[PDB]
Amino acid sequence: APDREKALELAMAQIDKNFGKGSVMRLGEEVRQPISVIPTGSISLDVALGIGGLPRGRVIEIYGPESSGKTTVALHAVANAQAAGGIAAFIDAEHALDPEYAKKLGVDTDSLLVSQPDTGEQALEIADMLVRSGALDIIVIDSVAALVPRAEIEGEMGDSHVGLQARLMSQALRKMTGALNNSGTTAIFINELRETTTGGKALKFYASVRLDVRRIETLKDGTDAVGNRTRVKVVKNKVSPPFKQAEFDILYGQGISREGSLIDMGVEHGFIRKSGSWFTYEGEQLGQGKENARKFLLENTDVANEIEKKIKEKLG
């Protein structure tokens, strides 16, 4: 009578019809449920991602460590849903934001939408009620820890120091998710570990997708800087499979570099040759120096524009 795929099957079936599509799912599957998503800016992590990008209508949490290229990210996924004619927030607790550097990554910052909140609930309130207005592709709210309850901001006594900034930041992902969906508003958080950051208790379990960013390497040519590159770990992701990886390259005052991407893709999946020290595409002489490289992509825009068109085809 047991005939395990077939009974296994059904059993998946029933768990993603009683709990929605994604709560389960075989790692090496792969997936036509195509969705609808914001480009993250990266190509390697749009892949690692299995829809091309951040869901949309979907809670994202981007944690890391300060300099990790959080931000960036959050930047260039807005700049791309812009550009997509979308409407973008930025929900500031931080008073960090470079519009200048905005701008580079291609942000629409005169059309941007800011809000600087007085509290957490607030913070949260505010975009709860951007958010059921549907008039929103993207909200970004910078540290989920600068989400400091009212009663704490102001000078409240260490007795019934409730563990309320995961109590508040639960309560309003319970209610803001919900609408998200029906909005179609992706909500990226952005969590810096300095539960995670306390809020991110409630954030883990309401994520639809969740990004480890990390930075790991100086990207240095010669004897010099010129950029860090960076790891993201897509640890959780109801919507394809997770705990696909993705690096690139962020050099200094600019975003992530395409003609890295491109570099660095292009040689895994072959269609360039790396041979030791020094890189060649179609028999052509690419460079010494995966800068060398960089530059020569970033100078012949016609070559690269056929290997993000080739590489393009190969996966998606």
Given for the second form:
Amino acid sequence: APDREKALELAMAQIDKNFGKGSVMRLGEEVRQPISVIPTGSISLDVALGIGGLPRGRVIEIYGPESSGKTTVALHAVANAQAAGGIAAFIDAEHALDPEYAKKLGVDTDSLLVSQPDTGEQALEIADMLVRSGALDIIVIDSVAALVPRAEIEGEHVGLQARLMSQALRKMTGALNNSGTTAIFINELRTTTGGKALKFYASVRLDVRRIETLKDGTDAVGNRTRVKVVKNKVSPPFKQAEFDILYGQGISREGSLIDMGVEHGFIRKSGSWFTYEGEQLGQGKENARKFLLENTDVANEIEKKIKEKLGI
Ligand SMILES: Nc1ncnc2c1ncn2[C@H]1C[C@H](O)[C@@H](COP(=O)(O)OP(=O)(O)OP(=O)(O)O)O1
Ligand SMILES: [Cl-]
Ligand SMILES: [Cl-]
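Can I get the form solved in complex with ligand DTP as well, since the one above is the form deposited without ligand DTP?
Every chain and every other molecule in the complex is listed next, the one we just looked at coming first.
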């Protein structure tokens, strides 16, 4: 009587129904859930996420060491939501945000709501309040670690900060879903106390890390970042992405067009030279990057070709 694949589907179907779509998936499943998303600023990362970017109405955790490119991503996400006419909020407990750098990544800072809370409790209560107004497309909490309990801030023993995150996250997920607001928790590393509850509440968790220092030989242009989607409840998890961030600049589009253009074969890399349908792009990723910077026409058709092959 037993037919495994049949019984499996019935079980999987029941699992998703009792706990929500994506509670169980095959890693090679070709997801066809066009949920609304906020492009990550990185084409490869959006692909890695399987849905085109960060899902709307969900909790996102972006962790990693400092100088990994975490906030750059958070910032491109804000910029993209704003471009789509969305409103953005920034709960700041770090006081590190460089709005001039943000404007460079396309963020409309003048319209950016910023809040510099007195305590972790207040910081999350302010975020909850903004969220359940339903007016926001996205909200970024700078530093899970900086969300220190009031009691600690006023000189008091216990494990309070984690319960703080658990309780706040419990109340907030409901609002996020109804409002459709995406919440990005930036988690500078060294679990950061509240990172514990975040691990379970998140629909997406990004392991961000610095892996290289861009050269072009003998000086530095910027650094390369690698992101792994360790958790993904909307599309198969564990996929990875890489991209370049040049000093003072954000995520290099041209850089991403070159990388993906190579793996997906539209761009041919014969040794140290890059070529695109006949014409040469240059010797060394940088010259090619510079090339795509000037010959905007090319870049767009490549982007076009890469986009068509996987989804504009
Ligand atoms: N103000 C800036 N000017 C020029 N480059 C910057 C600036 N801020 C960040 N960068 C670049 C350097 C890194 O490759 C990428 C990492 O910084 P960022 O995205 O803020 O990472 P991060 O969030 O993991 O570390 P941090 O906690 O220092 O912000 O951004
Ligand atoms: Cl993007
Ligand atoms: Cl205070």
